[PDB]
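Undergrad: Chain by chain, the residues:
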Amino acid sequence: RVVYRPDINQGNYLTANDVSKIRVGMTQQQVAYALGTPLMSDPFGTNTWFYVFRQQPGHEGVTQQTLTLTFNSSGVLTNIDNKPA
Amino acid sequence: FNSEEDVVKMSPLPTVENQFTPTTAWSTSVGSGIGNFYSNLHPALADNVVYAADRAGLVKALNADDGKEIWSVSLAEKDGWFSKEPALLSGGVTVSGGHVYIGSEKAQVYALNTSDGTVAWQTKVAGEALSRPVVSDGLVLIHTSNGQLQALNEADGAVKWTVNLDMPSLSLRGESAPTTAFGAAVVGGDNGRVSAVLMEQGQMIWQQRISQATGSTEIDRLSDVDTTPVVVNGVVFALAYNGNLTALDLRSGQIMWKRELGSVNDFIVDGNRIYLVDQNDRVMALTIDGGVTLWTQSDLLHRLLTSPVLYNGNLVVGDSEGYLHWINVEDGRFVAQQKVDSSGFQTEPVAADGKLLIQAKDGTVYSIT
Amino acid sequence: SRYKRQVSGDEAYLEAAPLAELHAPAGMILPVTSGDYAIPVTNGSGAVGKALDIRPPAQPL
Amino acid sequence: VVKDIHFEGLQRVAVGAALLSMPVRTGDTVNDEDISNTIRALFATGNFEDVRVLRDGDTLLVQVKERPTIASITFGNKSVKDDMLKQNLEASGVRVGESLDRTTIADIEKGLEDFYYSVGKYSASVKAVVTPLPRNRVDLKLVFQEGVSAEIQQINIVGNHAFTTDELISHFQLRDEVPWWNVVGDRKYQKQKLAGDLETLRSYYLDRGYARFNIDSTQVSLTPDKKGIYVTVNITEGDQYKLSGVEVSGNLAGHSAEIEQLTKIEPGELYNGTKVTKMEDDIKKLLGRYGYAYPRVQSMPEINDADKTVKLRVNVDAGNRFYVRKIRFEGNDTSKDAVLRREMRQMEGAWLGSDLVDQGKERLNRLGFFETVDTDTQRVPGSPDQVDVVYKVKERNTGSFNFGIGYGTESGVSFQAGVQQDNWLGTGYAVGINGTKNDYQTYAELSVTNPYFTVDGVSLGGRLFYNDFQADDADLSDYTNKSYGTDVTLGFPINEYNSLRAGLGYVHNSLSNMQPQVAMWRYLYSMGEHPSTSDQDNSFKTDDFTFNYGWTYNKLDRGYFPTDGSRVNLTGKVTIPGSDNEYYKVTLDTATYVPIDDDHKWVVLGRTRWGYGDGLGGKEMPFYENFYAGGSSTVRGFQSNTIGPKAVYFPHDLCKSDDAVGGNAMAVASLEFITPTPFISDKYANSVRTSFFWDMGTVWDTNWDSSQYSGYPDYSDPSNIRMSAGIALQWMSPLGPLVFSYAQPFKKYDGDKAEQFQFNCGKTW
Amino acid sequence: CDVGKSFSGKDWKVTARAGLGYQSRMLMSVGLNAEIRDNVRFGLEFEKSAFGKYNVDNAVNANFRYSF
Amino acid sequence: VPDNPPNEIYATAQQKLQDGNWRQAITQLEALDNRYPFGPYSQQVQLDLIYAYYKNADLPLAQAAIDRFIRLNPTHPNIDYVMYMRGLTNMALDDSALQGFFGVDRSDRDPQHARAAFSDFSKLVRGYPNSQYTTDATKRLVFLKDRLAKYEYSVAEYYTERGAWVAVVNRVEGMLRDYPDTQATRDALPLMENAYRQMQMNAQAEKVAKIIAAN
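Chains as they are written, first to last, in the deposited numbering: chain E, 25 to 109; chain B, 23 to 391; chain C, 29 to 89; chain A, 25 to 99, 101 to 677, 698 to 810; chain F, 1208 to 1230, 1256 to 1300; chain D, 27 to 241.
None of these hints come from the bench; they were simulated from the model. Where hints are given, some of them may not hold.
[Unchecked claim] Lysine-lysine pairs mimicking DSSO-like chemistry, simulated, CA-CA at most 27 Å apart:
{"hint": "1", "chain 1": "B", "residue 1": "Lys128", "chain 2": "A", "residue 2": "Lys218"}
{"hint": "2", "chain 1": "B", "residue 1": "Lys280", "chain 2": "B", "residue 2": "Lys90"}
{"hint": "3", "chain 1": "D", "residue 1": "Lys81", "chain 2": "D", "residue 2": "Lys42"}
{"hint": "4", "chain 1": "A", "residue 1": "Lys671", "chain 2": "A", "residue 2": "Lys507"}
{"hint": "5", "chain 1": "D", "residue 1": "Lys42", "chain 2": "C", "residue 2": "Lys32"}
{"hint": "6", "chain 1": "B", "residue 1": "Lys146", "chain 2": "A", "residue 2": "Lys333"}
{"hint": "7", "chain 1": "A", "residue 1": "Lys213", "chain 2": "F", "residue 2": "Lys1220"}
{"hint": "8", "chain 1": "D", "residue 1": "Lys81", "chain 2": "C", "residue 2": "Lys78"}
{"hint": "9", "chain 1": "B", "residue 1": "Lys100", "chain 2": "A", "residue 2": "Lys626"}
{"hint": "10", "chain 1": "F", "residue 1": "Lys1217", "chain 2": "A", "residue 2": "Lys135"}
{"hint": "11", "chain 1": "B", "residue 1": "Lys100", "chain 2": "B", "residue 2": "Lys128"}
{"hint": "12", "chain 1": "A", "residue 1": "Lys252", "chain 2": "F", "residue 2": "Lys1217"}
{"hint": "13", "chain 1": "A", "residue 1": "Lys507", "chain 2": "F", "residue 2": "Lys1285"}
{"hint": "14", "chain 1": "B", "residue 1": "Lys31", "chain 2": "A", "residue 2": "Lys152"}
{"hint": "15", "chain 1": "F", "residue 1": "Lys1220", "chain 2": "A", "residue 2": "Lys419"}
{"hint": "16", "chain 1": "B", "residue 1": "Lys31", "chain 2": "B", "residue 2": "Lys90"}
{"hint": "17", "chain 1": "A", "residue 1": "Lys309", "chain 2": "A", "residue 2": "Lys361"}
{"hint": "18", "chain 1": "F", "residue 1": "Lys1280", "chain 2": "B", "residue 2": "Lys31"}
{"hint": "19", "chain 1": "A", "residue 1": "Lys252", "chain 2": "B", "residue 2": "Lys361"}
{"hint": "20", "chain 1": "A", "residue 1": "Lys89", "chain 2": "A", "residue 2": "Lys152"}
{"hint": "21", "chain 1": "C", "residue 1": "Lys32", "chain 2": "D", "residue 2": "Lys81"}
{"hint": "22", "chain 1": "D", "residue 1": "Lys233", "chain 2": "A", "residue 2": "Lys351"}
{"hint": "23", "chain 1": "A", "residue 1": "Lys216", "chain 2": "A", "residue 2": "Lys152"}
{"hint": "24", "chain 1": "A", "residue 1": "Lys462", "chain 2": "F", "residue 2": "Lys1280"}
{"hint": "25", "chain 1": "A", "residue 1": "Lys218", "chain 2": "A", "residue 2": "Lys166"}
{"hint": "26", "chain 1": "F", "residue 1": "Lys1217", "chain 2": "A", "residue 2": "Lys103"}
{"hint": "27", "chain 1": "C", "residue 1": "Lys32", "chain 2": "A", "residue 2": "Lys310"}
{"hint": "28", "chain 1": "A", "residue 1": "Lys310", "chain 2": "A", "residue 2": "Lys580"}
{"hint": "29", "chain 1": "A", "residue 1": "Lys798", "chain 2": "F", "residue 2": "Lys1280"}
{"hint": "30", "chain 1": "B", "residue 1": "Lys146", "chain 2": "B", "residue 2": "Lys90"}
{"hint": "31", "chain 1": "A", "residue 1": "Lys216", "chain 2": "A", "residue 2": "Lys103"}
{"hint": "32", "chain 1": "F", "residue 1": "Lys1217", "chain 2": "A", "residue 2": "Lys166"}
Extracted from the complex, chain E is given alone in its bound form:
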């Protein structure tokens, strides 16, 4: 039930090979340098960055290539996951 919905889109643009440009065992520095700065971090303790790619041109679908990844207590990568849904 659409009438006229101008564009919608959220932070942290993403391509494909970029996320391949990281892997387990990397600190915050190189990963930031890879994929810019995260626009959604959890300020509730555990240092974790939330890269969410959600765009919606209107009338059709909400693609949200969700990506999470947690760091060491010192900031080194420990685990990641992609999620297109």
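Put chains B, C, A, F and D on the given structure of chain E with help from the hints.
TA: Relative to the frame of chain E, chains B, C, A, F and D by itself:
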């Protein structure tokens, strides 16, 4: 609205007095015109024959005595239907050999044939040829609006060389005439200097920055100096392009006596006397040797004047409302005043072999006695 | 010239809801803060609004 | 040897601030060095310059001259906002209640003089005058006696062989001649505008293939009275040129197929400039789409004059991401925030789209509430990726008040009021009232509308009104009418081209003082009553619950002097059951533009309108809702509404008339062929436009009993069409956009009329 | 239809203007308007209309545009 | 005004001030200034002038005058008074338009005055915590903080109804990081939970709910 005028006005009319009987002879007209546009197109004279011009259209040929024409040529061109593109002549006609020359405002220098009125040739030039085309030994050099002092040859209609000059950003409509000397030419510029070039090759050797120019550069500036220099005894009396009058040498061209008692339009010399126009009607006089002021009348103040010319004991001057303000050679009274036309005087008169002439705004030619 | 209300003063800013602080349940921790922040109590008796006399100090001598 | 200090009445400065650099320091023996030091100190501070210091005993006076201060301003100016001069004088170093020394006289003098020079008034004289008021004070007397205008005279050009000067100027801003009857541009001198003129001319050349074209100089002469300026330009027209492929090259993060496809071209074809501009901008647009923020497009040519052909290079690069973190606002002091957000096209927490923010700013300005809107893109500290735009706005007052009073010969005492409020409580809403009454009309209404009933654009509007026409031109149509009612509506865009709006409503009408004529009598007979048809003291009431629905469109290339696009329209109603006059109607309009030429100066124009309205339960649609046709709007030549059938007045046998009555079946079409002005000079030949035309029209009843009234021009004939033809001008006057029109209807029917002349104003529909 | 040329004043505003329009019946008129520094712009007016058959000769008019 | 012996016009202005009618006291004192810009009164003149300005509901003049008084003698045995007047000036300037007798909400016009007033009153209460102007300033600070937080609440709610379900969580996060004592946070947390839940990141909304249940 008719309530948007704020300016220092002029004196209405000078002291009517008719010691002499100022008189006209005949008045022919050669079609509009000159209009409002400032220009330099003054009509010329040759051996009982004169030739006029206009701003947009044609030329003509007349008799010195009867105001009856001889022939008429136009220089327009049909364009589409009923348009007839304008020709835009704006360079005072002159005379040499069996021809004329016209400076048009579109880089064209026509050169017509005396008798019939045919085109001997027509040579494109640089800039916007404006100033008075002068002849000098087959080299009819002219000035322009880009400093480019070209030098054209008559028979061919071809360039001989080109000596560049300078220019400020903003400029008065400065159109210095050239001058001949022994094969060396001295011409005013548009910066505040005067140079001296030798004719045969187009290479100047000597220069001097005599004065200044107008525009956010305030020295004596509001002076419509026809910067035409004149020379006597080599010592050139090249007055000031803008007011700091000075006398200079033939070879060196160094200051003889800089007396900033000028802000000029044009002038003449007669042996000792020199007559000026101080951009503010302040007609005066002085001796050749140096700074003096035999007299000065200025009641004409702020009337739009034209450059004067000697006439058998009197100086004749034109106002912006068609009046001839006849003046004693020395002081300084007004020997005669005579209203002739209501169109408007903006160009210069000329005198030769008694025959005296002047142009109006539109109904150009009058035959002042 | 549309504001004379908050000029002569009124007891409007008075009786604003005082400030309490949250408290973190187990596990997570409320974020650290900084910046725009009430000064400590530093109690006095400077009255409120009209009960105080906004007057120019005397000479000053 | 001197220890005491001297300061003869500083009277404005601190005493220690004067003892800072005094060589009379305690325990410091003084010498000629003391004289030098005190002179240098009194001069370095520059506050005052009087001093008399020597080697004289134990005392040592260091005098002071106090010309400051000043608090006053005297003018002076004649046609310039004085406060602007106050600002500029602040920018020079002076202001009320402050020290002032005569070293500033020439400074401010020539500052304002060059100001006037820039404005074009190249003659002025500012006089600095001060008058000592007690012991410190003076006045600031400035008189302004200046020139007048120094207007333009001519703008000639040298070397323009390809074209002529006239059409070249056209295009320009600083027009030559201001005609007394086609004022479209007015002439002055704006040194800055000369640059824009130069650039637009150079572009004009570069959009034909003259690659190697370049200006080479410029003169601005001046006549020796500062009344007429001259201006000249030199050129080198070079030649035309061709292309050979396009050679994009750079780092594009891929991202090439769509690029190349976005750049294909027909070889050996004339170089275009503006096409290159559009193409490079479109590259920028695609990059903005993919996410990067600040792209670059540079195109240097690579010319083969021998081949008359240039291989155009293109070197581009993307840049970075540049996310936006928090879009703030500054200025909206009385306009609620939630307004200034919904007018945006850049959602916080995303990638920055430059064009998006600019389209925003544009929208915002277009909202009408504000007066001055400027942007910024400051960067957050620390992070290299995040920024946060801000919007500087300064709103102005919005609502308005009206009041008028009058009286006439054929009109009673006029009254007029209404509180037009645009931005009520800065809450998006809009409200207004009205009112007028002499004798015959008593118009009044009420207005309520919310342009945002939803967060998307779905509007909503209300309306109430009162209408009491009271005409008494005893016997033409003059059916006295009182009527009022109200309605609501919706409205919501779908494609920034189309639109819909489907309103409800309600209306109650009161007929009164009907006259004898059959059509209305027919309607009534089908309404149930039975008026004695020989006396005209009549009246009738009614109530109906209406329904509206429509659809609009626009595709015009421009908004002024259209040349290509369309404009269709539609509107229908239906009386919901429970009403008392079951009818329905449909209108339809259409404008159509087709440029038969590629230079867009020869265009055809096709207009058409349509209509239909019919009752439902054998009840003719009430005659106070009937169509019309004829007039300088849709059917030229005739008078207004002259087309159509005529009334039939009962006898108090039958007869006819010529006063129009209208009906319920409209149809009209027209055709035009735009054509330039074959006479006037092209100095301004773009601001006049005309065509030829050959129009149509028709109107007829649907329920006329064509049988009995055979002694009358039948009206169930749906074919009676009346055609006309002629020409018509269009050009802005010093008064308003005018459309002269002088046609002559060749055909007609009886009772109709002809109006040879047609003078209108601004048919900008 | 009819508006006047550029006219105003320093702390005031003089205006001279005539009147017609494309529009109610025909609207033939002429008048003026005056402005105070901040808000109000208003003046006087004479008019001439066309009521149906005949034409309305006279109409005077007050005005008060009080922006706010 | 006529020029007259200065102390006399000072007394007259003082009395007229005490009466209450400002305009004439304003003008008389301003003329006393402009006629003796270095009399022994000038300081007291500055005091009374800013006072009358503030009371005359004509702010910007008084603001510039405060600036001047500061820049002349930044140190002074009474400057705290100037500070208080600064803060009151700003706070007054917050609520502006024609809603005075309307009694309508005032939350979220442009707030870039409350922030000033906050900085300034804080500067005061830190500087000279002994003057008799403290506690009122504290109360004003509290009200100012709350009126600030309501702003972010408004914008966050708007986004929630719009759809930018990242910006909402980010801004309410910053808020929770800056004014973590008002009522506004305790009324905005549900928005943050709803936002998290909207973007399938329930692993956060659960903890948000833990918070909101703990209070």
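Undergrad: Does each hint hold? Answer for all of them.
TA: Each hint, compared with the structure:
1. A distance of roughly 24 Å separates the Cα atoms of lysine 128 of chain B and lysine 218 of chain A; the hinted pair therefore holds under the 27 Å criterion.
2. Of the supplied pair hints, the one linking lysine 280 of chain B and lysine 90 of chain B is violated, its CA atoms being roughly 48 Å apart against a limit of 27 Å.
3. For the hint pairing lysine 81 of chain D with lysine 42 of chain D, the CA-to-CA distance comes to about 14 Å; that is within 27 Å, so the pair holds.
4. Between the alpha carbons of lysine 671 of chain A and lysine 507 of chain A the distance comes to roughly 24 Å, so the proposed pair stays at or under 27 Å and holds.
5. This hinted pair checks out: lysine 42 of chain D and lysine 32 of chain C have alpha carbons roughly 21 Å apart, not beyond 27 Å.
6. Taken as a hint, the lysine 146 of chain B and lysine 333 of chain A pair is honoured in the structure, with Cα atoms around 26 Å apart against an allowance of 27 Å.
7. Between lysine 213 of chain A and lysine 1220 of chain F the alpha-carbon distance is near 23 Å, which keeps this suggested pair within the 27 Å criterion.
8. Only pairs whose Cα atoms come within 27 Å are accepted, and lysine 81 of chain D paired with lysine 78 of chain C is accepted, the gap being roughly 14 Å.
9. The hinted pair formed by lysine 100 of chain B and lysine 626 of chain A meets the criterion: a straight-line CA distance of about 24 Å does not exceed 27 Å.
10. Straight-line distance between C-alpha atoms of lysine 1217 of chain F and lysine 135 of chain A comes to about 25 Å, which keeps the hinted pair within the 27 Å bound.
11. A threshold of 27 Å between alpha carbons decides the hint, and for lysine 100 of chain B with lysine 128 of chain B the separation of about 17 Å falls inside it, so the pair holds.
12. In summary, the hint linking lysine 252 of chain A to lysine 1217 of chain F is supported, as the alpha carbons are separated by about 25 Å, within the 27 Å threshold.
13. Distance hint between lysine 507 of chain A and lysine 1285 of chain F is fulfilled; the C-alpha atoms sit about 21 Å from each other, no more than 27 Å.
14. For the given pair, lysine 31 of chain B sits about 20 Å from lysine 152 of chain A by alpha-carbon distance, which is consistent with the 27 Å threshold.
15. A threshold of 27 Å between alpha carbons decides the hint, and for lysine 1220 of chain F with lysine 419 of chain A the separation of about 25 Å falls inside it, so the pair holds.
16. This hinted pair does not check out: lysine 31 of chain B and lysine 90 of chain B have alpha carbons roughly 40 Å apart, beyond 27 Å.
17. As the CA atoms of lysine 309 of chain A and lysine 361 of chain A are separated by approximately 35 Å, the hinted pair breaks the 27 Å bound.
18. A hinted pair counts as satisfied when its Cα atoms are at most 27 Å apart, and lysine 1280 of chain F with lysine 31 of chain B does not qualify at roughly 46 Å.
19. Using a Cα cut-off of 27 Å, the hinted pair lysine 252 of chain A and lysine 361 of chain B holds, with the two alpha carbons roughly 25 Å apart.
20. Restraint check for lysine 89 of chain A and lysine 152 of chain A: satisfied, since their Cα atoms lie roughly 24 Å apart, inside the 27 Å limit.
21. About 9 Å separates the Cα atoms of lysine 32 of chain C and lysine 81 of chain D, which keeps this hinted pair within 27 Å; it holds.
22. Annotation: proposed proximity of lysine 233 of chain D to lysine 351 of chain A holds, straight-line Cα distance about 25 Å (limit 27 Å).
23. Only pairs whose Cα atoms come within 27 Å are accepted, and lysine 216 of chain A paired with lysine 152 of chain A is accepted, the gap being roughly 26 Å.
24. As the CA atoms of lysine 462 of chain A and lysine 1280 of chain F are separated by approximately 16 Å, the hinted pair is consistent with the 27 Å bound.
25. For a cut-off of 27 Å, the pair hint linking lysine 218 of chain A to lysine 166 of chain A is broken: about 34 Å separates their Cα positions.
26. Only pairs whose Cα atoms come within 27 Å are accepted, and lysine 1217 of chain F paired with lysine 103 of chain A is accepted, the gap being roughly 9 Å.
27. Restraint check for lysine 32 of chain C and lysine 310 of chain A: the C-alpha separation of about 51 Å exceeds 27 Å, so the hint is violated.
28. A distance of roughly 22 Å separates the Cα atoms of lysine 310 of chain A and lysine 580 of chain A; the hinted pair therefore holds under the 27 Å criterion.
29. Distance restraint check for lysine 798 of chain A and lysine 1280 of chain F: the Cα-Cα separation of roughly 24 Å lies within the 27 Å cut-off, and the hinted pair is therefore satisfied.
30. For the hint pairing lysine 146 of chain B with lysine 90 of chain B, the CA-to-CA distance comes to about 33 Å; that exceeds 27 Å, so the pair is violated.
31. Our distance criterion of 27 Å between C-alpha atoms is met by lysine 216 of chain A and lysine 103 of chain A, whose separation comes to about 22 Å.
32. Between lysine 1217 of chain F and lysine 166 of chain A, the direct Cα distance comes to roughly 19 Å. Compliance with the 27 Å bound is thereby established for this hinted pair.
Going down the numbered hints, you'll see the structure goes against 2, 16, 17, 18, 25, 27, 30, while the others check out.
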